[PDB]
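As structure tokens, one chain now follows by itself in the form deposited without this ligand.
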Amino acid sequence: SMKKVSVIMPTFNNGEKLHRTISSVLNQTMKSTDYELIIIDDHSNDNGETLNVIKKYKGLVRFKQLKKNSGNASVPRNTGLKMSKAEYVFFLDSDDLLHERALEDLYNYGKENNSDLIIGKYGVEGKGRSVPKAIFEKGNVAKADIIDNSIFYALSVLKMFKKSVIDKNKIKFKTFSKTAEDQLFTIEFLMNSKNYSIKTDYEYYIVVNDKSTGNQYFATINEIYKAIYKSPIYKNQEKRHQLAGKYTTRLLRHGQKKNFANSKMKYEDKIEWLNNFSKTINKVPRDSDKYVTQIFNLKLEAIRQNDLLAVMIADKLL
């Protein structure tokens, strides 16, 4: 009666490309009655092209049309979560492909290892969006560790999540920012679960490529640090410092506008951006700083001091 997996896919003005994606979900080795594809269209306005593609699969998919374009994937994904009563959910971007053995292999690995989270190796088609690599370099891992398995470098929601963890902890995608909302979701999930699995037999998920003040972005980063320091799984304060320090390293290596200081950004926007970054990082205990990779020691201290010249210099030395 209860499905193994709910695949949740937001759509917006995808057009004829959506065929390839929907086909990748319908052609799974997993029994077709054991899973569902939930499509949530974020009020496509492409002269019905996207709706016409979805109408060809009526009765093979669950479908909901939002009355207004929300602007990001958070509202559609939350709609999908409310609609799913499956054991696991898997979030899929509308332009991406699943390997034919993705749902079966990931579910089976998860069930065998009582996993709250299963991460399948990502492949990529074309230049653009990059995919994590370090997380998959140790082959299959049944009981993975956030730090040892580089999970803070793979925080997309393009993964298999146990629904009971999402329901019990009332984990929803937040809508206060256009960026990093998927990171916050995965962090909230990681901080409320213990069992993480990594499957690398195939490229199970293929990513297909074809002036912010920072008030909203750093509000999201603030929530990530809050999630770590309030974790009911990682309760030891020193363990929280280590996790926070590892996130700080990831943020300085891969964060939005990481090289803003020496950029062509207007001075007043640099000041506002650094002010938000500084305010957010200064709510993070300095005890975390010793867990940050040492090359970033000056840059991190420059941000804490809210000193644009020092950040500019730090970046020139990196």
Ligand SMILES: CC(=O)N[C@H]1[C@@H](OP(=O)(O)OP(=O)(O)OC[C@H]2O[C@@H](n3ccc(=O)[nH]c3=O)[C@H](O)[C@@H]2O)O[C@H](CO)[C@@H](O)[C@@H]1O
Second form
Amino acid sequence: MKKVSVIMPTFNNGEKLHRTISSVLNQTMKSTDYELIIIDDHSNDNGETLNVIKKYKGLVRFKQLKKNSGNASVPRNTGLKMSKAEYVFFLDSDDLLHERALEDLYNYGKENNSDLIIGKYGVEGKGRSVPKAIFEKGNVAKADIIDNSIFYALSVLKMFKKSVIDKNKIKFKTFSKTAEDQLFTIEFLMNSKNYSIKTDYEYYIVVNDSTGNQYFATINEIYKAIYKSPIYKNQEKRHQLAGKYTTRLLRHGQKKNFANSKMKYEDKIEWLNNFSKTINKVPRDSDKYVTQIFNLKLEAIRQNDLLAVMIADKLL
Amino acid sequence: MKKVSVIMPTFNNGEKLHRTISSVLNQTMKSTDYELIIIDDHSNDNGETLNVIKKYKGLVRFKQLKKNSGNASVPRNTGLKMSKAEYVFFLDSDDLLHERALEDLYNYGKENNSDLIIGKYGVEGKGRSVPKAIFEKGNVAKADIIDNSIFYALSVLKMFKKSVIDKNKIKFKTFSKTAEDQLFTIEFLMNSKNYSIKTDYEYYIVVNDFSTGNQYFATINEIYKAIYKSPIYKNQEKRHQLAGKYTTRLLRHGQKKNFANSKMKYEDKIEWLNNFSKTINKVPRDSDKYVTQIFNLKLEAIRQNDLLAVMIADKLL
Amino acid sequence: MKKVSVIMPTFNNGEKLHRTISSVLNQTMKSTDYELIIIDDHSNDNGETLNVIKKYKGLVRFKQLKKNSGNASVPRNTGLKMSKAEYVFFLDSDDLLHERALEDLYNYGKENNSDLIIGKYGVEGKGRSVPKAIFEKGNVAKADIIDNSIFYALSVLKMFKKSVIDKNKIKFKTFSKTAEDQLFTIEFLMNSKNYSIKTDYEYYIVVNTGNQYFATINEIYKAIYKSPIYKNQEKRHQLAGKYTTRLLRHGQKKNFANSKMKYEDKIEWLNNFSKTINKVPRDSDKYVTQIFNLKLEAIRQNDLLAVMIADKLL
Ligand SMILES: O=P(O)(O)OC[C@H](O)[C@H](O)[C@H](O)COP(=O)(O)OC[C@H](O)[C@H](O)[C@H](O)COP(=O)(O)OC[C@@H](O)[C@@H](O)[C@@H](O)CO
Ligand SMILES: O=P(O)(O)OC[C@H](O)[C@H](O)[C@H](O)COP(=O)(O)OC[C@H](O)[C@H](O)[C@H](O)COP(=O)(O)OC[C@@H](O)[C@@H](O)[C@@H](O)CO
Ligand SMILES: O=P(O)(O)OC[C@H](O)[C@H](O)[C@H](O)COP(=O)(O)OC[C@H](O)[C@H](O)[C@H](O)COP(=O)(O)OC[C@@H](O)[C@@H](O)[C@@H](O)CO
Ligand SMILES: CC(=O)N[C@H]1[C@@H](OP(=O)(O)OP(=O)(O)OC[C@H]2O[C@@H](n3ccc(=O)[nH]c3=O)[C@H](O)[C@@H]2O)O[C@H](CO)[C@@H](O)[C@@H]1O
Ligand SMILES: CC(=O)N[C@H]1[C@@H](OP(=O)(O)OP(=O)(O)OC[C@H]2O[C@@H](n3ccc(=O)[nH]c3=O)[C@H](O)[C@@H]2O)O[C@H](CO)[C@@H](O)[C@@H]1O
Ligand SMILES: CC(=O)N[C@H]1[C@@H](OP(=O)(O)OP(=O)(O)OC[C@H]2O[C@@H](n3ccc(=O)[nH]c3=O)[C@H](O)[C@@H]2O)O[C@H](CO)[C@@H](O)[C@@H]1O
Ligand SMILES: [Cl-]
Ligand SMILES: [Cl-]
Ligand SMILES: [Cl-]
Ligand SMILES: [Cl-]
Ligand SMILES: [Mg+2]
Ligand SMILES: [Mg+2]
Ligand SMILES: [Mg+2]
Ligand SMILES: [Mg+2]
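Let's see the other form, the form solved in complex with this ligand, since the form deposited without this ligand is already up.
Below is the entire complex, every chain and molecule, led by the chain shown above.
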């Protein structure tokens, strides 16, 4: 039984994949103590990606899907079924690991009985930004969701204890193109207690290179996960978590500024209708735990009032 | 017939009452010319308050209520029934009078045929602040409600002509825990003409120590009713002006003025705004033009009973 | 057939009219090539205005209306029926023409086959300001409505080809006291292609519940969306959106929502504004300047509070 399975889905990556794979194979951890599982989501780049992967035959486990799934959910789920390790680490195909990522994160995790270990993120290039606040207090052995800003770092680019995933049958959902990674991390967080944060190096480097029916279905699942948490059983604690997630959603959500956008009016109405329907399944008791700058925007969404959301956005 | 009855309700004050009572007994006014009526609202402090009051038996009139009323309304009403003086002065149990408060206020009142005399307030300690604007023009023999900011000083901690109270049967109401003193002063102001302001000393020292609105807005409703039924201010346009100015004071200093963006439960906000809307919609819109224009949107939002609009209005103030 | 008929309605102008009439009679154009038609809207100023007009008997055509119409619509319509010229030029009674206004504008128009020629405006005194942006690019032989800011200069104080007015039976409407001149210019613009702008001089000097108003605004949008010149629906949306922008920037009672207007009047006004704008396709909204995105939606939603707020944020 290996310490870590690195699970990496690929799709039409080409010669860029060399850098990523190399970063995983060049770890300070004993090479026999981890594996790299590569799951190609049926690349169609005239065999360029598959040719790069073939160069590491013998040194990595590999499966190719018959049809392209469209996102990383099915590939990652396939990797999870293939792993029998203590921890898994999800890695995106364009990104890089620091030489001492698996060793340092696994050691910290093992020494603190961690269900989840989060390594400090770095970033190369303009594009997506990475979480910063979670890492501002240095290393944290027993982190807290609220006090350590974990709802602002819900990517799956972390080390997860496989037993938690297995015991609770946590899979990536495929009903949406976005926020499926958030739902996964939330499901995990709500079914575990021990989270640790390690910040000695930039362990993971992120490399930068419609009506909302499906999106808000996923957001709904996130709130459901919080309110059904067997770890956070206290209803007031659930309200606090839900409120904090609402804050993150209003700060960093998809199409956060839809109301004053160039979007067609009928589309705005349908979008807000889905956002309203979803947030109105969340107890109002959570609202008091939302950052108060968003008090008006949140009420506007609850009331399903487009004008009020437009105004709220103008005042933010 | 005495010049002044000082009416002071007490409740679980203890040894703090000595300072207050002493301030009343040590007045420059002839001691035979006034009385201190003490009405204890059934203190339950192991007889501590009653023990302090007993030390002045013979120098004060005193009645104890059988059950605690909860506020100062019933006690003050009892004091009024007991007084046969020319003027009454309401004093709170923790507060102080200046040595020359009754004398100076009574003299100014008598020399100007005043129905109401307001002495400049002082304050000791962090907490509740006191009115300032009303006293910024010095002494005023014939003051005006609007021009002298009297709607921003509606406490009953003043000298009132008893005849006005008696002739018009003015009592403190008990349907609400708050704003009952405001309603009293408003009822008095709307049934009298002569108000004087005296500022030579800090005559009254306020001492600081270290709801769905059904009843509150019923009291606010009574305030508007008092203005619009005033036999002194009979001109409808004058009533609009007074009403508008009160609306301004309510939006500036009202209870839970910032309820809309508060941590109040949504259902409570709705009920609160519903009461606020129901009440303000009984006030003619003709008064709105006399409201300070910064509040134009907030006022309309309340009239329309639109929570979102009130929230926004508050964000723009 | 004369080159130009200057059409000038008068009403209780008095001795101020001398200056105006003099400015028309003192043109560089051959005096036999134009006429000044004066239409008095039944002045009642103890014969003062009529006395000034009588001094130019022989030099002007003149008709007096039996009853005062209240605005310039009926008078101007009367002038149009009286003119058989190639172009007409509407002149207000207190205003002035530059010595070389008719000549320069007619020549430019004739040389560019212009349906409409717009001379640069000047202004004397505090009050109404005049369009500026339309004239910022100098002379334009073939102007464009959008690119040359013509919706910000919709007065009829311009030179119009009479054939376009007769062929399309364009009259000033009388349903409203205001915006009737705008409707006229819009009707003209939507039924012609060739517009020219001349800026060498200040050729024209301006001297200083909404049921009816919004009926007129409605006619403006109708004119755009029925235009036989601008037939492309997307072009109509663009024109409509640009007019909406001008309406929000310079409309009558633009700031009604936070005004001293009685509440009941505000509601009725906004109701008319909402009813009218909701007959305009939402496809035009994308062509409205985005600062007005909220105000426009507020009006569409007929929400007084939202209009008040919108105005507070502008
Ligand atoms: O006191 P509050 O909680 O109201 O305010 C919090 C502070 O203001 C705090 O300083 C900041 O929120 C912390 O922000 P940050 O500088 O640490 O960055 C965190 C951001 O959330 C981060 O840059 C991303 O927006 C979050 O991305 P991930 O959670 O890692 O997941 C990617 C996610 O966006 C992706 O799944 C979506 O594109 C698809 O739905
Ligand atoms: O906008 P305008 O020009 O019309 O007026 C605004 C001016 O700036 C105005 O002159 C100032 O507001 C006057 O303020 P101030 O400095 O004279 O006094 C401040 C307050 O009036 C005062 O501190 C209290 O807030 C008022 O309470 P009271 O009138 O003494 O009545 C007691 C009442 O609040 C009590 O019943 C409540 O606690 C129960 O709800
Ligand atoms: O926001 P965009 O990009 O679409 O353009 C905005 C620019 O800033 C634009 O240049 C300005 O809005 C307009 O420039 P301007 O300095 O030439 O503005 C001229 C005004 O439109 C003018 O002072 C009058 O408002 C319009 O005169 P007319 O419409 O020709 O007169 C008849 C009618 O408007 C009049 O009855 C109304 O003013 C009565 O309220
Ligand atoms: C840098 C970061 O925060 N990454 C997130 C970001 O990825 P990002 O926006 O960077 O997009 P990426 O190219 O990294 O794609 C994510 C991963 O999914 C794989 N892939 C992509 C397309 C496809 O059809 N099939 C497939 O398996 C890619 O090989 C890659 O490993 O948004 C994704 C979708 O919301 C998240 O799940 C990622 O964790
Ligand atoms: C500085 C100032 O503006 N003071 C006001 C403030 O008093 P404040 O907030 O200072 O409250 P206080 O304790 O002074 O109460 C007012 C008076 O009521 C008496 N009391 C209190 C409780 C009780 O159950 N029974 C009873 O009789 C107290 O003895 C006291 O003399 O709010 C009161 C209630 O609106 C007003 O009447 C006071 O004018
Ligand atoms: C500079 C400018 O754009 N002015 C416009 C403004 O006039 P403005 O506000 O400048 O008012 P004016 O004095 O120019 O009056 C407009 C003209 O209408 C005539 N008149 C006036 C009253 C009357 O009862 N009968 C009558 O015929 C006047 O003689 C005058 O020639 O509003 C009119 C109606 O929307 C427009 O046609 C004018 O172009
Ligand atoms: Cl999101
Ligand atoms: Cl007054
Ligand atoms: Cl109050
Ligand atoms: Cl207009
Ligand atoms: Mg990536
Ligand atoms: Mg007190
Ligand atoms: Mg609203
Ligand atoms: Mg004029």
